[PDB]
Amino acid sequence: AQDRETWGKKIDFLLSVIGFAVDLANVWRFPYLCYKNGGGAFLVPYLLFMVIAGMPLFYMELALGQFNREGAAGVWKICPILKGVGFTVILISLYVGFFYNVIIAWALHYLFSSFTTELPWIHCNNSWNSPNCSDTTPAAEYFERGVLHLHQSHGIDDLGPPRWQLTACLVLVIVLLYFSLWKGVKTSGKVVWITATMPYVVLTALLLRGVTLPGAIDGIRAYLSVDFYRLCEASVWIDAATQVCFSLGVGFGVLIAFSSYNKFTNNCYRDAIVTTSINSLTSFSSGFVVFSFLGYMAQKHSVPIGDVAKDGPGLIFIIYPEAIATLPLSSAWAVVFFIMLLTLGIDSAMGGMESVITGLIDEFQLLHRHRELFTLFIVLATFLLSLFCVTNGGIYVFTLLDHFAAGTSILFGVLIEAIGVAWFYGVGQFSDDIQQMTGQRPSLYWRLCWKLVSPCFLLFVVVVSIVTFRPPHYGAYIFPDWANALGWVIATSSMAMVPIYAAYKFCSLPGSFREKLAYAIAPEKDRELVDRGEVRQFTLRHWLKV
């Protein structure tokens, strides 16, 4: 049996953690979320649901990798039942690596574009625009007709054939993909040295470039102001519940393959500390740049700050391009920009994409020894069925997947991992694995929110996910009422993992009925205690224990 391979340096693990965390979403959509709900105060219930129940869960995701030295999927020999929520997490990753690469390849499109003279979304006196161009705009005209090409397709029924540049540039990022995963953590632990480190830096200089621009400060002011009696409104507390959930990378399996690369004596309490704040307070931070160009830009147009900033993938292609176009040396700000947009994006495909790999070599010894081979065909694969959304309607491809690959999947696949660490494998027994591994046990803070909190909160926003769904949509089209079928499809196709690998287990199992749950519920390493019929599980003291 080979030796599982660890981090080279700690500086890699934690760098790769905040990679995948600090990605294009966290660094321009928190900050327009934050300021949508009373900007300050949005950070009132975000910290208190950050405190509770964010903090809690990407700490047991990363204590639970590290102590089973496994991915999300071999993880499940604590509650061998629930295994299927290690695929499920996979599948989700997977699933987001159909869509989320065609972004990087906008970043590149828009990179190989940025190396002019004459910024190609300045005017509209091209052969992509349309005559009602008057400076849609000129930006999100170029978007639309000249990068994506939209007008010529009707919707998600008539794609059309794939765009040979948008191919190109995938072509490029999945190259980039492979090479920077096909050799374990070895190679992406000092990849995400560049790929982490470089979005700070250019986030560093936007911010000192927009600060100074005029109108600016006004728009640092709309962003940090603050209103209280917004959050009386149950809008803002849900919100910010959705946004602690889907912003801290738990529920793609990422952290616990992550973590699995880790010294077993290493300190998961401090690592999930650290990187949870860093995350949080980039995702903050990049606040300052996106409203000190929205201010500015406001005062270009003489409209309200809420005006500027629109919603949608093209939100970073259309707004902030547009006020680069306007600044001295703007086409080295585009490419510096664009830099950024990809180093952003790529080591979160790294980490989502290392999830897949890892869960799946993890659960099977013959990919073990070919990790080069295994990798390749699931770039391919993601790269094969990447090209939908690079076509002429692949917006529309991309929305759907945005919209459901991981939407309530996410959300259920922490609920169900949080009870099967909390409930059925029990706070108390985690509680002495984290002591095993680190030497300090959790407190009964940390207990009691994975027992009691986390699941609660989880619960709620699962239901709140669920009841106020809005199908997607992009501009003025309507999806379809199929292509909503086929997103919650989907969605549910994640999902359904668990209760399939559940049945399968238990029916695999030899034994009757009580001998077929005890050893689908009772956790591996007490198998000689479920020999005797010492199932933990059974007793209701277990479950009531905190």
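Think of the rigid core as the biggest set of C-alphas that the two forms share within 1.5 Å after superposition. Residue numbers count along the first chain shown, from 1. First, how it differs from the form deposited in another entry.
- The residue that stands out in 393, 426, 287, 314 is 287, the single one whose Cα moves by 2 angstroms or more between these two forms on a rigid core fit.
- Comparing the forms between these two forms, the C-alpha position of residue 86 differs by less than 2 angstroms, with the core used for superposition.
- Residue displacement note: residue 305 has its CA displaced by at least 2 Å between these two forms (rigid core superposed).
- Core-superposed comparison between these two forms: CA of residue 353 displaced by less than 2 Å.
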The other form holds:
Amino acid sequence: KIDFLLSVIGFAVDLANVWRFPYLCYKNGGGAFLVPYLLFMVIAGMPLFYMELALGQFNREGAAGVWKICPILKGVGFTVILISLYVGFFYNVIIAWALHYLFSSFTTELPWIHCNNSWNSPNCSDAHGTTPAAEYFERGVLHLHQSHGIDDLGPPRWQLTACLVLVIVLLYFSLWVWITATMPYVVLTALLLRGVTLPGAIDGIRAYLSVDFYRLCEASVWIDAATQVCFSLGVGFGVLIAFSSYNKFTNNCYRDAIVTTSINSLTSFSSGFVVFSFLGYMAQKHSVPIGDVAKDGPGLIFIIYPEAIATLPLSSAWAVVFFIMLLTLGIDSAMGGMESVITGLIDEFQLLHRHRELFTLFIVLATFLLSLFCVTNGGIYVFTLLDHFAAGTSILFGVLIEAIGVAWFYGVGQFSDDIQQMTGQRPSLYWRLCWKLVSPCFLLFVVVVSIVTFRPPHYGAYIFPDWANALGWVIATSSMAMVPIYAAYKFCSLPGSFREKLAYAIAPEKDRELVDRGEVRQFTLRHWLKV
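How about the form deposited in another entry, since we already have the form deposited in one PDB entry?
Nothing else is written out below except the one chain.
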């Protein structure tokens, strides 16, 4: 009842709809990003959500223990864990920035209002060049002007290192909801009501709701939309399976999938609406076009929202409340992502059941030491590289392998009966077709297009060198290469001839009685042709 609805709210809003979605909408065409996003959502965001929810609820294992249905494909369980670790590495930095801004908001005069300060260049325009908020961010919080690229980083900054330490301590002691869940909705509604009334908001709304029919012919908005759907829904991170492994057996995993995706899409739409409504007003007030008012990067919202707060009556209170909300949202997301990895590695190995605090300490210390790279002078370059290369092709490859392993090796007709065991009904033809044919081919197309059509990352005008791209590709392939290695190890470890090795490697562990009598279900084509 109310506990069910309060659980949907927690999954409906996260840091991926407030921080990344508007920045990806602005980077691509305004309104040309909403067509691939909605198409990919409808096609392969509900089937995958349903699949992971049901798999976790039925097999009662975190991330790699659910692969008793196909022992040879356990490498995706480690791939998703590596992806989660990589994501958390740069996920901590956003919380550090939010803490910095929250501490800086306790003033009678906000520091990002005018440019008379010591961190301002002559190229600053006051309501007329660079805006005071972007200059304040870059040259007072990041100190980006002292870095000459990714090959020249410098020592870490002592102001942001303290925030990172505080975030790490809080996360560890939280890992070892009535107020925390309904605060972002109130804040976003208030911001939307404010931004609707601003003089130049209609132009931004029109640019947001207009679809450009020439930006859809480029193979970048599709990849961005697919990766953003994966980021927002949590598919491909190992989080949904781990969360659902604790749910009741006779739980309706279909209604949850139907409702959570709808509410998530509505929240994403509202966030983009607010951001573009403020962008239009800024562009009108600065006498510049909408596309030439900011840079495409993870500095949006951090540049926009302070300027929106500055126009409210008592701006200090609004700023404090907004940054507290952002801090809580980021903490929740990071703690969930880290708990996924911790529980997966605890379930996998047996010695660690006597190493709980001494394992969480190791994980958080490694995360802190790896996040220390992004608090240097040139940390935004490392942030951009990580954001481009940690997920994307690797996460889509992992999702494709998971879908293939569940729908072709185990069997969609057996998955349906497993669902019908816990819930009184079984999936219809639409769900089975989407699981078996529609989703895998689209995922394969997106993966192939992403690999063949490579676009180097950039931050405004800086173009990354060759070795940066090589290191990024190594980082991306490190998690992807976990499937063939485990497959080869599993094949070589099992005893018997080739046929017996294959039979024990592809058949489920609950079918050993049938396999021992020469009754392998995967040695006939009726099993592979059945939808």
